[PDB]
Amino acid sequence: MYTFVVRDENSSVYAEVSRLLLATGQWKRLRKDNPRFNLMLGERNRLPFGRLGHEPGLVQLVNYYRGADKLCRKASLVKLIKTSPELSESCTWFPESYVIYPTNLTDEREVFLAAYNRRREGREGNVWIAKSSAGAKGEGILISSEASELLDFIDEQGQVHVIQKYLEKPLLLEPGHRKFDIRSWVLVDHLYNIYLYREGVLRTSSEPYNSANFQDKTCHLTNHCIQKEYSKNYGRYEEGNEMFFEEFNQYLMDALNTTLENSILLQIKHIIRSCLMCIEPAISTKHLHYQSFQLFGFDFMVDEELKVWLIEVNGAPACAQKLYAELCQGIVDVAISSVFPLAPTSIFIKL
Amino acid sequence: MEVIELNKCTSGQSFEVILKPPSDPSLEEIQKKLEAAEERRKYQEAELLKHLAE
Amino acid sequence: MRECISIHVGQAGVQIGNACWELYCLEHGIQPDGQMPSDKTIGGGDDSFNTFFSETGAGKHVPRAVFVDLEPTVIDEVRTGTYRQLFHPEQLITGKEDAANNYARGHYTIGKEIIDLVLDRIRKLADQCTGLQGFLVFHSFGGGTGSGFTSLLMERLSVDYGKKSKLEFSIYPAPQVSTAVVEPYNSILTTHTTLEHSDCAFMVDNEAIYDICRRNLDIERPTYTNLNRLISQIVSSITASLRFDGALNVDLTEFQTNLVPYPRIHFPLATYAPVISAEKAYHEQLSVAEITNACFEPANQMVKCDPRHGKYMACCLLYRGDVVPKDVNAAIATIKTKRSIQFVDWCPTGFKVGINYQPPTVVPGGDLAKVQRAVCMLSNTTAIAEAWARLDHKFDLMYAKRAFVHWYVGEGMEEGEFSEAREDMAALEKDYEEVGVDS
Amino acid sequence: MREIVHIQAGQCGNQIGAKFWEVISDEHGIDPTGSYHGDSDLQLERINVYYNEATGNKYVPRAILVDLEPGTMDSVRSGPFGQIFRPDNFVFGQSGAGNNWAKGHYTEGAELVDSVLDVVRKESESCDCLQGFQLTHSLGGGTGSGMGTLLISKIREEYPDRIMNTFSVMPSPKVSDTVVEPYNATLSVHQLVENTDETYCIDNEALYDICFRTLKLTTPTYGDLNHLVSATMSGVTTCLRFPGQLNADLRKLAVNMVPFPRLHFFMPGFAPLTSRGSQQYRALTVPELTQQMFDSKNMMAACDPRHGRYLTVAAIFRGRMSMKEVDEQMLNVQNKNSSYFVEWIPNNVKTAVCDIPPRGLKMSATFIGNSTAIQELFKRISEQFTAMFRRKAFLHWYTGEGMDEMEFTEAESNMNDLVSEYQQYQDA
Ligand SMILES: CC[C@H](/C=C(/C)[C@@H]1C[C@@H](OC)C[C@H](O)C(C)(C)[C@@]2(O)O[C@@H](C[C@@H](OC)[C@H](O)C(=O)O1)C[C@@H](OC)[C@H]2O)CO
Ligand SMILES: C/C(=C\c1csc(C)n1)[C@@H]1C[C@@H]2O[C@@H]2CCC[C@H](C)[C@H](O)[C@@H](C)C(=O)C(C)(C)[C@@H](O)CC(=O)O1
Ligand SMILES: Nc1nc2c(ncn2[C@@H]2O[C@H](COP(=O)(O)OP(=O)(O)OP(=O)(O)O)[C@@H](O)[C@H]2O)c(=O)[nH]1
Ligand SMILES: Nc1nc2c(ncn2[C@@H]2O[C@H](COP(=O)(O)OP(=O)(O)O)[C@@H](O)[C@H]2O)c(=O)[nH]1
Ligand SMILES: [Ca+2]
Ligand SMILES: [Ca+2]
Ligand SMILES: [Ca+2]
Ligand SMILES: [Mg+2]
Ligand SMILES: [Mg+2]
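Just so you know, the protein sequences line up as chains A, B, C and D, in that order. For the first sequence, our numbering gives the first residue as 1, with consecutive numbering after it. For the second sequence, our numbering gives the first residue as 352, with consecutive numbering after it. For the third sequence, our numbering gives the first residue as 406, with consecutive numbering after it. For the fourth sequence, our numbering gives the first residue as 845, with consecutive numbering after it.
What the hints contain is simulated information worked out from the structure, not anything from laboratory work. Hints are supplied without guarantee of correctness; some may be wrong.
[As the list claims (entries may be wrong)] Taking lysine-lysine and the BS3-like style, the derived pairs with C-alpha atoms no more than 25 Å apart in a straight line are: (1) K82/A / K741/C; (2) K741/C / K79/A; (3) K741/C / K371/B; (4) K1180/D / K28/A; (5) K384/B / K568/C; (6) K393/B / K517/C; (7) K1168/D / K685/C.
[What the hints assert, rightly or not] Examples of chain B residues lying across from chain D (beta carbon under 7 Å, computed): (8) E396; (9) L399; (10) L403.
Beta carbons: idealized from backbone N, C-alpha and C, even for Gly.
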């Protein structure tokens, strides 16, 4: 009989994973501070990694990679891409971004203003965005072209923000004239095998894209929470603004002649591989005293030329409603049972 | 890969390799603490003997 | 020549001390008798080994060491053992009853009664020093004596010898060989009161040594003897620079200078290689590059932690045996491209290297194989704070219910000292976190 | 931390005490005349803990024999090893205590107590460094219960900084002499909660159940019961009598076992225990010792440890075996049943190994548990006490000795507080 502890109740994914474990009958759930566990489903912040792997007679595993936050923090991701001898600025799939510390509490201000003299007289669209390392659930973003409107919006809040180059030409979905982001889920096991979930999702805008109306960013930065609020046309096509891969493939064959497999997913597998292999030697638990696995949520943005761009990497993602059972079962199958056996074929693609 | 300060002798040698540059309480206080603790022990024992005498 | 006095406190300090002085004698060719044939200067000298050994007119080489324990049975063995002629009775000090795994009993109750004798015997050794540089103190964290009496001793030493350096070799508690439930209490209590009095402390986690003995020496259930022979090899590597001709870590002050930028952050991580079983018949001898790369393996560390998730402040490589600087530089160059070695911004990314040509000496009939080259890395990394975190958590679990606390208050300690010691530890974890992490 | 002074009081105290000395004398190679005749120096290394040295290489138990009637101690002189005890250490009256705590504690016992303390003092003065005291007695009679606890209080007055340890036999209707046993036991427990550091709760109910259910003995005698106690007392004192790292003296044992001063009542156990008879020469294994020693049906205090949690545990293995296997076995018991050990005391199970096995066994294991389930023992005594007290039945035997009802009310209140304090940590 194996044992585990739950130290993050707010996890919808691992509440389901936990429920799955108990229903196997070969797993027992313990108190959160019982150190005699095989598996830790840990908290989202200040996870006590230093306390793992110090229990004689116990193989221990945790559902997070220590240091994986360098991909998951908005401000840390930019820093890592720029200063890596594997990524560097030889990164053609990530929007130009600059880290902006406020002028009260190092920084790339005269790098955002120094590189700004490129589209000012360059007569190119100078649209930028403003995201927080941890915004108010789904709010705290200001999109504008005025360079002096954003270098003071960050000095209006009490944290560090990242100013990211906005894709003025996003790929349009019809009928609707809308802008969407793609979510793919990635599972990295203890052996550091990269497992992409075959089923991704599309977070669609429930309102026509508007290049004019800028202060109303409700058809921009579509998130399945704010969108439901402001949208007075909530899901005329699909439930909960969720378009799935089988259907998106059909729209691609109808209105763009090509398919999903042809190039877009190709650029996606390259992106996931590039980020995770970059961080491999730093976070791998190859010969550590404890083991790690983690579920990642990569958010993508495609454009008119079917080019894939990278928004964020979510370290603690929630899944789509219809995929929960399948994905969570998959997590148990390759991440947990592979370490703790019992007594086909899988739904993943080993990158 | 700068090697500096190489020093050699019959017993061996030493050097430095740089990959990249940068970018109280008195004796009396102690006596006071030890004596205070001793006093607390004495008081606790006194209370015990008092309880036993009852 | 500047002398060093070694102080061994409690069972762990004494038994480790035994192992170290045995190994010292082997390394310097000193008989249990105390005679040293190779030494042509009779009854005195200013050689490098004289830093640890004084001399009598009859040619006996006497360890500059004091053994202290609150009960007599462990020191008794030294008195009646192989190296009994090495020491004279004044150097071996014993009480009647021990501290019963109680810091308060070792520090306040029993410590108060024996502290003045201990200091006097130490003063006698110091009186025979033309230039005492300081002290090396050996003790466990978990024992009543090793924790309680040591911290009292350290306070008085700071008073009696304000200018002198004080280095620690400390045994961090591990359940697989631990003898008391209250060891986290004793560990935190002693670290708090010792902190401002220690210049550099080398923590050895019993768990790490235990696992190394199982993993690499194929010992099913390691004993204290097995553990201490490995520990003494580490200690010897660290103190070799003080006992032999050389230019690196040549005095106690240099340890602080080279490894301890910030006073409170004075706990260097030791990592040693290679550890090879004396039973293995056909063994292939590891290269400079291999033993050096092994220094960055958590499995070879004296404290299990992950340096990848921390920052270096300093790094010293101490080699013994067939080693030339060219091969060290080649090894470091390769390792730097394949390892996560990040220094803090206000420190040079560099390595201080020392090489002693004499290969490690092993105890005949021991568990360790004779090797041609070995290395001990001393790195000040913030990752060692993992050990403080583990210890502080165990403290919190028990203290929240005040478990066992009455044992300490019964000895005259105040409950507030628990909280005061725990807060200092919380500040210490905070200090490490600032140095090693960026927001 | 060297010498322990042993005191045995009353019939039960002297009977179990006599057997204890028989068993350990055999283990240490001491013959009934006090002469050493062993083949190992392991036997003599810590012999001074329980034995004084006389002239002619004679070893004499540091033991004091106390009773208010001469009968049982006459039996001790006549029994095996009767000659080994110091003749001047026999202290006895003629009146008896009639199974009455008051008589033992306040009247008859009070007259005899000073002469006992004279012998204790004589033994203590001869000690290089006295650890403390151990007392064997029952709680259900008059001498062991009443005078035993009187002695403990007097000794604590003269030696406030020494460890006091008892082997206390708890009464049970299953093996009962008089109806007033719950009175005597409740009164004694109140003394024990205040004046002992460690108390091994030896429940005659559990001993009987073990003899019946486990050992298949139809009609268990005191001889049977005492063999269980004798073996357990040998095991629990192993760490004191032989060279070792863990719980090597009384104070270190207490510091490891007692997280709160009142909660110092231990649940002992022994293994192997096997009925006849395809199981006497059979090779015993480490896993078999470990599983039995932790089994609820094997505890020597009639309570169910599965209903409670362990604050602390001491385990002692004896004989030649694999320490690697001992470690693995102790680990899996904890890892597979972690809920039964409080998480707020990390690593609360401690293991000791001694090379010398007990007589007639190649290997054995002794269990010592501080479990919150021990409340069931005190709760049982409390119910029996209350059943009589609510009607003031049999009280006249006590009030006739100068006691009043208020003292009974206090003892009852104190024992019920003990029960609830054990309950507090069972849910903490
Ligand atoms: C851990 C402390 C400890 C608590 C428990 C629960 C412990 C654990 C284990 O023993 C150490 C059990 C053990 O490993 C077994 C499973 C082989 C087994 O012996 O369990 C019992 C029943 C069990 O209680 C249910 C037992 O009475 C008991 O006390 O178990 C049936 C028996 O049928 C053949 C067999 O199946 C109390 O000190
Ligand atoms: C010999 C014994 C166990 C054993 C040896 S080999 C094996 C597989 N089990 C234990 C000995 C333990 O010291 C305790 C003795 C307890 C004696 C009994 C209470 C009683 O006096 C006696 C009549 C017995 O019941 C047996 C003789 C059957 C006794 O062996 C039972 C027992 O487990 O003894
Ligand atoms: N490595 C090693 N650790 C030891 C040795 N002896 C004891 N320990 C460890 O030290 C801790 C106990 O401290 P001790 O030194 O034995 O106790 P003490 O300093 O004598 O203090 P008291 O006996 O309570 O008066 C436990 O964690 C043991 O695992 C030893 O010889 N080698
Ligand atoms: N286990 C055991 N219990 C005993 C023995 N003799 C008496 N008892 C128990 O002790 C209680 C009676 O106390 P006892 O010692 O006979 O009275 P005392 O002489 O005044 O101390 C009853 O609960 C008996 O069951 C014995 O030899 N072994
Ligand atoms: Ca000389
Ligand atoms: Ca009379
Ligand atoms: Ca008198
Ligand atoms: Mg000791
Ligand atoms: Mg009787």
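Verification of the hints:
For the given pair, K82/A sits about 20 Å from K741/C by alpha-carbon distance, which is consistent with the 25 Å threshold. Using a Cα cut-off of 25 Å, the hinted pair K741/C and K79/A holds, with the two alpha carbons roughly 21 Å apart. Among the hinted pairs, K741/C with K371/B is consistent with the structure: their alpha-carbon atoms are about 11 Å apart, no more than 25 Å. Taking the CA atoms of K1180/D and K28/A, the gap is near 10 Å; set against the 25 Å cutoff, the hint holds.
About 24 Å separates the Cα atoms of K384/B and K568/C, which keeps this hinted pair within 25 Å; it holds. Using a Cα cut-off of 25 Å, the hinted pair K393/B and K517/C holds, with the two alpha carbons roughly 14 Å apart. For the hint pairing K1168/D with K685/C, the CA-to-CA distance comes to about 21 Å; that is within 25 Å, so the pair holds. Interface restraint check: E396/B against chain D, minimum CB-CB distance 6 Å, threshold 7 Å, status holds.
Checking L399/B against chain D: minimum C-beta separation of about 6 Å stays under 7 Å; hint holds. Proximity of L403/B to chain D holds as hinted, the smallest CB-CB distance being about 5 Å (cut-off 7 Å).
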